[PDB]
Structures are given as structure tokens and as C-alpha cells.
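Below is one structure; the comments refer to it alone.
All protein chains but one are shown at their positions in the complex.
Chain naming follows the written order as A, B, C, D and E, and within any one chain the residues start at number 1.
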Amino acid sequence: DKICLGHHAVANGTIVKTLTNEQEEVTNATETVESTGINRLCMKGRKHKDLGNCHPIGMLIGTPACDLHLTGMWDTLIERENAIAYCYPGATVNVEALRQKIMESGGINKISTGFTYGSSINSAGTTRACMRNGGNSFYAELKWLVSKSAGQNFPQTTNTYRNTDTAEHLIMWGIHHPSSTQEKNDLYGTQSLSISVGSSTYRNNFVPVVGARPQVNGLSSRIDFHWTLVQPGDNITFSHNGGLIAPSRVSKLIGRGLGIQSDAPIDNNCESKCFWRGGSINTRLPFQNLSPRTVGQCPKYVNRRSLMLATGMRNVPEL
Amino acid sequence: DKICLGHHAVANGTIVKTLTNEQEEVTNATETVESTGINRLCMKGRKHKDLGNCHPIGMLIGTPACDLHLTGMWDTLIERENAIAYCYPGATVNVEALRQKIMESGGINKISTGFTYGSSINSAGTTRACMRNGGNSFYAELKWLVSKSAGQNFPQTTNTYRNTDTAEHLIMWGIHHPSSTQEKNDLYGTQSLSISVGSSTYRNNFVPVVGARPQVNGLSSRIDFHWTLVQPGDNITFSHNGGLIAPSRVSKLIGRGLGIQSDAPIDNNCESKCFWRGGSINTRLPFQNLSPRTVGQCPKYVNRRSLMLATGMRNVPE
Amino acid sequence: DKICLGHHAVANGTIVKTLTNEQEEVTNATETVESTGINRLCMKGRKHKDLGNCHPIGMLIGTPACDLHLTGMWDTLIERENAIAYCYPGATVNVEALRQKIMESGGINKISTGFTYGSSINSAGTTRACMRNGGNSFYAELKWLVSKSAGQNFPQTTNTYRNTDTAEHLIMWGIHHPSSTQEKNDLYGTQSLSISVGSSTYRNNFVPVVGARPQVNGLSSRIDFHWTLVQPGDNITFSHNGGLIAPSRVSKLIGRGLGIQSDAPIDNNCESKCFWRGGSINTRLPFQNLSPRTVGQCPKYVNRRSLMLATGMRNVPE
Amino acid sequence: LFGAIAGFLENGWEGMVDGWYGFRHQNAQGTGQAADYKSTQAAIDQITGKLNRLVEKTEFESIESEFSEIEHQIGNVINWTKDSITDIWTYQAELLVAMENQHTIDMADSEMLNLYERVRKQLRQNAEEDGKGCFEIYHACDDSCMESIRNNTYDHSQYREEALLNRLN
Amino acid sequence: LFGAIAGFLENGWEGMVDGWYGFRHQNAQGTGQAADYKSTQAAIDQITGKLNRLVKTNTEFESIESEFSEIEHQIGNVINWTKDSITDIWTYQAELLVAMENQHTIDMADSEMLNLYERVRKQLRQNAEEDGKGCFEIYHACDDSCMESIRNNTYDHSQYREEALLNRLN
Partner (left out) sequence: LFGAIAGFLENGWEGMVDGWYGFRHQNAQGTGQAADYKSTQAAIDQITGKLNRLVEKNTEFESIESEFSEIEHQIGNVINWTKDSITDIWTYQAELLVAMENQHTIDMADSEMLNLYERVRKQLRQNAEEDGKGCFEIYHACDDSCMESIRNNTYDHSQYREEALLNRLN
């Protein structure tokens, strides 16, 4: 006459590691490291903007590729590989700081500078490198100022933008670096070129540099871009006599949003809070091994394929 | 006959978390996250310097607000909100690197450059924007050089400072950028202006630029500041034609000290090792949720209001 | 008539720490914190290059000290204290990025730029500050261009390097900042000097800064270096008027290597994966207190002399 | 470790499926198997408590551009920092799971022992342990008496005088 | 878990302000209650130990974030990401420290209860039997002085064994 105590066991158990044993067999275990993820951008519940082949910088200066993205509001901004910033060859000083500001914003408004130019200035310069409707054009938010009468000295000019708003504005301008002395003389004259820019909080001077260089989009000239923030109630004055690519609108970055750099296609039917280059990560698990580079609210990246957490007792099957 | 074993309990238990249970009731517990700070900079036992409305940069160039702080010694340097660096409008290249150097220092000494200028130069330029003793003045460690005869070309001039010390000296200078041609001509003459600065470890050229721009403290012109380190034995030379704002003293940062940016008044009767914008943190707890921005020897910041550590058994009421 | 159970103990136990007790005496313990390193660079199994007194920057421009290190392949590169980068006064703009690029590489190749110069140019400028085999010489990978006919204007000149390879090339050039207007006129003529450099991805202009007065003041002759990367298929063009120190070769950084800074002797018998200023660390232990600055696959630095791990039960002597 | 599971209990029962812990018995009427609910739930509840801590869950933005070059020196600082953070989380993840698994196995062992000890004090002087987890009962115990042992309703004093006679003879 | 404190012992005694663990007895003379100093001090000393290891020698940190002036945007973003990553690590470590420490403290206190129980059980030897609820039914007349000798750890079982065994079998 007897009664016995016992625990269960299972035919096929699973291995986990403990403090004393890397090969401990247990009745059940569950994953703690997410390994799968979704190869799409889960955008459900987000007011997103897919920039397509438009680069964030292009939004501020008005590259043709960004014509549908000159203003808007969003909580999520999506940047794609090989997006276009510059139709005319050139580069932006302090570019990664500017791209990160845009990629943090929740929108852009544009505000006219109201700049006007005297009769001896042709303000409608265009180029075959920036095309609209298959014809020569220019950056939408900027104006290529040249001497109306070719070869003549570009007049000494002043233009002031006034920020009457209650938030900071972002103003961008370019400097033209011609390909040859002859080109320089024809566009702006034989005088020495000097562009100075000043606000209450910013001061800088630029000199167009004539230089041989290789052709990009068929052109050896360059337009380099510069930018600064203009505080509420402050003014910024451009003093220039040739070589300024002048702003016709300034931008205002509005609120906050999440910036994502990914080539994954967008999925409007699933939602997510964590993104990487290859898509989204949707998991309750505290760790993931998908990528070290993520944005949003993410599981912590770990250097392991698998970490099993025991969810049962030691497995002791019958001999 | 019978003998019984048991443990104590209390009526009012305290909840703690465990590995297996969010809501576990125990007999006693204490906080591990500090939530309360002291609303004072506890400076007892520290040679501290409270800068008041003097900005660290202003100590090197001698802005009127920094007249009490041109030289000194300290192991703790306190910067206040809206400290003043510049009386004449302008800006400094690499200013946060420079501010951080000053704020880790343990003091400053000043050394004369010994610069002298001939009779064609007026080195006593002053301005309404820098008032000192009811009079128009200028940065105390700098000199505004202009032509002694107005409208005449400022002469080609060469000035050399030699560091004959055994430690590096920090030297600052300014470049004047006038607000009109008339102003530039009156001060420096009609010639092309050029300022070159060179040492064993630095070479640069500056050109004053005339440009319209808004008024700041009533003034549209600017002075931009530059600085470099002059190593022991080395020399730094200025060649200039007009537009240089020349050093009359150079600085030497001495030793090391802890830099604090804070709003809180000083309490020289209280001791502390940990500071933040609000004041000091004095605790034996390893964590705090006062502020993620602290300096000194501090408990670590954590994103939690409370973390209770059990100091008693499970509470099991009758 | 009795049977007793018991456990061993030892004469001399070891003290370890637990969650509830510092000074817990235990029968045995081992160290988890490595406190002793090897004062040598263990290079067994590593294709390495010890640069000796050649600085990594010197490899690219060809300072005499670096003549045996102009090309090579390695998986480990070892830099020493006080190594020589320059033979003439001057410095490299953006130098620490460039040094890290070199110290991350697995080797260097050199490719001729093919530059040639008209009859008006003497491209064989040399200097007694860069001696080689007892004669006046110059950076091996650069050419000092001056006017063939002293005092006459250096001709307007264009030179284009074309990268026709499938990998980025690193091109370095120098700018000569003369010691005086008199020296500047003799080398390059009375004209205004301007050096423009442009590729598809890079453009920049340089203007020599002419020094003054005695050679012993801060503003004397120097040659400063600049660099950029030239992508596959891209061309980079120099337009210059006098003052360019032109590249006669460009470099190509290849593969990946581990860069070490140390003055510890090399040991080829000895294998390792972790290094610091003082040598190697070879340990199975997961922590070390030798240095907070290590490279390679290393145990984590900790601020502790010793952390003993119990390998035995409580020691309870009679 | 508490000495029961993979200890003095030779092995687990694959045939038990309505609980983690349970009773087997043999008497005149035959043999029977019943799981124990209360010990089985004590174990399972502790496991689900750990699992809850596991899925408890800071917004990060990008600091490393995917599609454009990053300045080399700052790009090296970021790589060093990110790799150092990752070494820390990897270590923490390995430690969590190892320490948690250790505890889970020992807690399960503990609940077995506690059931065994509850029965032992219940049976009092009417039974003796065989050392393999069984209690040899020194009286006749029919199927309702067995259920009396599982529901913690067994009154020892009812069979005591008979049990003691059998233990002593 | 050791089966005593929220286990076979039904509940705690709020009336025992004298210490953490203790005795209640019942004999012909009357009821009474005493706290066991040794077991309570063993538990308290371990608590003290955990609190001493809590209240670390620290590194001196300097400011890398200006409170009163703007920081360049890229470096500020690097600093933000780093500090937030560090804080996530410490938040997690702090939560884990306390969750793990608490589990151990509760189980330690349970263990000290059981060790007292077990020490009294072996001391009583064959003169007593256990009910399920943490009491010992003593099978001889146990004096108030006899009771004190059981708490005092001086009780001599051989002195009462004959009497006790007779009662246990009869």
C-alpha cells in the first residue's frame, strides 16, 4: 500500500544554458532574441512622407526631383538610396547636420524672401542640368543672378530678409564657382567678386573661385550651398556683386518626426515602432539580432543568434 | 503540551518587485533611487569661483563684466545663465572647445605681450558698447589699433610674442569687420587690408570684410575672435596692415578644476561631490532620477521614479 | 555506534565577496581580473610592419625617415613615439582622420600621377632640411615647383590626375607659405598666387600666406599638406600659379589591418589579440586592470585591483 | 537545488499531462494517477511572472547615415561606442537567461520538495519514506483514502493505532 | 523557496515585535511567546550586508553638454544617443539588481525560518511529532523551565524519552 510523488517529463525536450551548465535539458523554453523582422516599412498609423528619389536637402533648395516635396507635414520622413539633392554640380557645407535637422522635423513651410533686383540684373538664369518639362530650369527656391548685359560688371547689391515670425527660419544660398575666367567675366564682369552675409548672430564672406575641374552633368562650374538659422525678429543681409545664388524662399522646420533611411517598400496595413535599412521589427522580445543600426523604439541589438529562456523544469525522461 | 514556531508580520506591508512577481508584499523596504537634491552649490572644502554674469571666454579678452575674474586660482569654476562674453558684437572660432578648456582649468595667469606701436598708430580705440568706469572703454586684454591720422593708411606692422615660459600660453586676437567703406577708410585707410598670424604650429590669413548687417548694442560692425596655443619657447608673429585687434596680454591656464553650469546659489558651509543645473546631490544611494546631466562623482541617472529594495521577509497578515 | 557526515576544510582559506558579506572565507578562489600584461608586442601569426621612427603620414608624402615604408602589405601596423612625418616645417590639415585611415589599412600602393611641367618650371626644388644620403632632397612623393628663372612669374599651369583604377586613391599635396615677400618673388614671381584643386566631389582654393621679417619669428617658411580621396573613374585637377607642392605619386590604401601605438619591443615567438601602449595582454580572464586604452580583442577594463571568484564551499575550520 | 527533481526522484513521468506535479498510488483496488493543481499552478505562475518582466518595454534617432559618407574620425567614435554598447547588451542578455534558467530549474525542484513535505507531515506516523519519493503506508488505504491524501483532508489519528501496530510488528 | 514563511506556516504573528522569528508555547501553566535572537540576527546581518553593498566609490565626470549655449547639431546627436544608451543600461541594471536582490532576500528569510524549525525538530528527537502547521506536539509534561530549555537550545531529550515514547505509542 503506497503513494508516490512525481513530476512530468516529455519525449522531446529543449536545451538551455544555465550558470553551471551550457547543455541543460528542460521541458519547454522560449526565445528572447528576435531574428525575423519584416522587409517592408510598416507605416500604419503614421502620417508619412516617402521622398522617393528626392533627397532631404533638395526639399530646401527646390531641385526638380523634389517638386512634390517642397512643403508638407509628417511624423515620419523616409529617405531612399541615391536620392537627388543637386541637379547642378556642387555640395553643401555642413551637409550632414542639415540633413539630420530635416530628418528630425515634422514638416516644412516655405516663406517668400521678397528679394527684388535692379534692372541691370538678370535674375532668371537657368541651366540644362536642372530641367523641368524637358527644358532648362533652376532650383525652385533660388535664383541665379547674372549681369543682364553680358560681360558687364554686376552691380553692387544688397538684399535683406526679415524674420517677422515667432520661430526660427532656415535660409539657404549658393555661391557660383565658374569654370573659367572667360565664363566668370561674361556672367559677372571683370571686377573682384565678394559675397558677404550678416545677421545679428552670423557673419561670413565668400569669394567665387575660378577653377578647372572635371565635368559633372556636363558642367565644370560648381554651386556650393551654405545655410544658417535666422532667429525671430532678426534680419540677414546679403551684400554681393556677382556669384550669389540668392534665396527666393526660406524654410521653416516644424515640430518633430522620425527619420528613416531605408529602401524597403511601404506597407500601410501593419504598424511598427522600430525600423532599420531592411524594414521593420515587430516583437515583444527585449533583444534582436537583425541589425545594430535601428531607429525608433527598438529591442536592444545582441551578438547572438539564440538565447533560450527555460519555461519549465529539468527534463528527466525514463531510461 | 505544544510548542509553535513563527515569524513576525505587520499590518501595513510594502510592495516590492521580484523576478517572478510585480506585486510582492514584504515587511519593510527602502529606496535605491535618489529623488531629492540640495538647491545649493555645496562649495565647502572647494576653492571655487562663481563667475556671476562673466562668461568664461570673457575672462581671456577682458570684457568689463569679467574685470574681477581676469586672473585667479580655483578647483571649481561656476558659469551662470546669460553670462556676458562680448561687449562689442562678434563671435569666436571654436568657441565651445575654448569654453571647455577654461572650464576644466584650475586658474588663469595673464602675461604681457609687450607689444608697442609707433606714432602712426592709435592703440587706444574705445567704444560706447564697452563701458568700464562710466567711460567708453574696450576689452582689457586687447587693443583696438587704428590709424592715428584719420583716413591715412595704417602702416605695415609686425609684432612678435615669445613664450619664454615652461608651459603653453593661450593667445587671443580679433579681426575687425567694419560696417561701411567710409568707416573702414577712416580707421585703416583705403588700402587692401591683410592680417597674417603665424607660429611654429599655426598659420592663417584674415581679411577684414565690409558688410551691411543689423545693429547689435547699437553697432553694425563686428569683431571676430581667434585663438591658438603657443608652446614653450615658440613665437607668434602678427603682420598686419589694419583691422587687427591685438593682444596686450596672453593667458596661461593653470592646473585642473571642475566646471559647473548652474542656477543655484552658493553654500560655502555645505560639502558635495555631485552637481547639476539645480544644485548638488548628496546621497548614499547608487541611482538618481533628478537629472541626466550631472558633473562630479554622482549616482547614475535612471528612468524610474522609484525602485524599492526589500529589507524584510514576505509579509503574511493574520 | 555512529555514522557522521561532514565536509572538508583547509588551514588557510581565501576571502571572497558575496551579495551579503564582504570577508566571506572560502576554501579556494581564482582571480577574474587580469593584472599582468606582457611588456612586448606579440606578433606571431601576424604580417606586420614596424614603422620605427617613420610616422604613418610620412609614408604618404615620402619623408626620408619613411623611405623603406612607402608601400607594403600588412595586417598589423605599429607606430612609435616621436616618429617623423615632416622634414620641412609644416603640418597636415585634418591630420588625425588621415592617420586613423592609414592605421586601419592592410597596406599601401603607390601610383605615379604622370605630371609633367613646361620648360619655365624647375620641378627639382630641394632643401637642406630634408637630407637624404647626405644631400639636399625633398619628400619622395612630391615635387617642389619653382620658376626656372629666378624672380620671373611662375606660369599658369594645369595638371590632372585620372583615377583609372577600381578603387579610391588618396592624393596629397602641399602649399608653400614663403617666409617673406622677397623669397616669394624670387621663387614664383611678383603675381598673385592661387592654387585651385577640383574633382567631381571636391573643390578648394589655397592662397600662400607670406610671412615677414626675421626667419626666427613665427611667420617663416612652411609647407602645409592637404589630402582628399579620388573615386574610381574621377579626375582631379590642379590649377596653379606658384606655391603648389605637387604630388608625383598618389597612394592606395588596401584592405584592413590593426593599428597599434606602442614603444614595446616586437616578439615573434609570442601570439596575441590584445595590445596597449605597454605591450600585449594574453589572458583567459574576462576583465583587466592594466589599461583603459586597448585595441584588438580585449578583456574589458575595470577599476579594480582584484575580484576573487569562489571555487569552493565556506571554510569552517575547527 | 532541493534534491528531488533529478535527485532522489529517479525520473519524470511522461504519462502525466494534466499537471507538473502529481501522485501515483497502488492499493487493493489497483493503481491511479492524479496531478496536483496547487503545486502545478505555483510553478507556472512564477514562470509567467518572469515572462512578464521579459516583455516589459526609449526613442532613438539615427546618428549614422545609411546612404552617405560619415566624417571618418566621428565615424570611428560612433562605431567604438555602438560596439561597446553591443558588448554590454550581449553580456547582459547571456547573464539574464543563464541566471533566470538556473533559478527556474531550482524553483521547480523546490515546489516538488514542498509537495513531498506537505504529504509527509500529513501522513505523520502512519507511513514511512522509501527514499525514492514514495510513502509506504502501513494501513489499508482505499481509493477515497488516497484522494484524502491529495486534497489535504487526511486525518492521521483515524488510522494511527492500526498503523503503529503494523510498523512495530 | 523553502516552504515555511508563506507555506506550511499559515501566517505571521503581528504580535511579535520582539524579533523576526520566535516561539509560542502551550502547557498546563499557560500560553506564552518568545523571539529567537540568533535566527533573527542571522537574517538582519544579511540584510545589512546587502545594504552596505549598495551605498560604491565613484569616477569623476565632466560636462560634455552645455546647459546655457547651443552645441553643434551632429555632435549633440551623437552625445544624445550615447547618454540615452548609457541610461537605458543603468535603468535595466537597476531594475534587475532590485528584482534579483528582492527574490534572494525573501528566500533567505524563508530559509532562516526553516533552519530554526529544523534545529528545534532535531533537538526534540523522539519526544515530539509535527503537525502540518509548524507546531510540535510534545508528548510529556513540558515545564515553563522545560520550554525555556527548548528555546535556549539546552533541552536534554534522553531525560524525557521514556515518558514521551510511552505516550506516543499508548
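Criterion: contacts are C-beta pairs under 8 Å (C-beta built on N, C-alpha and C of every residue); 3 or more make two chains touch, one makes a residue touch a chain.
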Sort through C:67, C:104, C:168 or C:267 and give me the one touching the missing partner chain.
-> C:104
Write down which of D:11, D:81 or D:166 is the residue touching the left-out chain.
-> D:81
Chain not shown: contacting residue from C:37, C:208, C:211 or C:259 | C:259
Taking the full complex into account, find the residue in C:19, C:73 or C:266 that is in contact with the omitted chain.
-> C:19
It is residues of chain E that touch the chain not shown, namely 53, 56, 58-59, 61-62, 64, 75, 78-79, 82, 86, 89-90, 93, 97, 100, 104, 108, 111, 114-115, 118-119, 122-123, 125-126, 165
Where the unshown chain meets chain C, residue by residue = 1-11, 16-20, 24, 26-27, 30, 32-33, 79-83, 95-96, 99-100, 103-104, 258-262, 273, 277, 284-287, 292-298, 300-304, 307-318
Could you please point out the chain B residues that touch the chain left off the display?
-> 96-97, 100-101, 300
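One rule holds for everything that comes next: only the chains that are shown with their structure count from here on.
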CA centroid of chain B to CA centroid of chain E, Å = 53
How many Å are there between the centre of chain C and the centre of chain D, using C-alpha atoms for each centre?
-> 59
Hunt down the residues of chain E that sit against at least two other chains at once, touch-wise.
-> 47, 50, 59, 72, 74, 77, 87-88, 99-101, 103
Among the residues of chain A, pick out those that touch two or more other chains and give their numbers.
-> 96, 100, 300
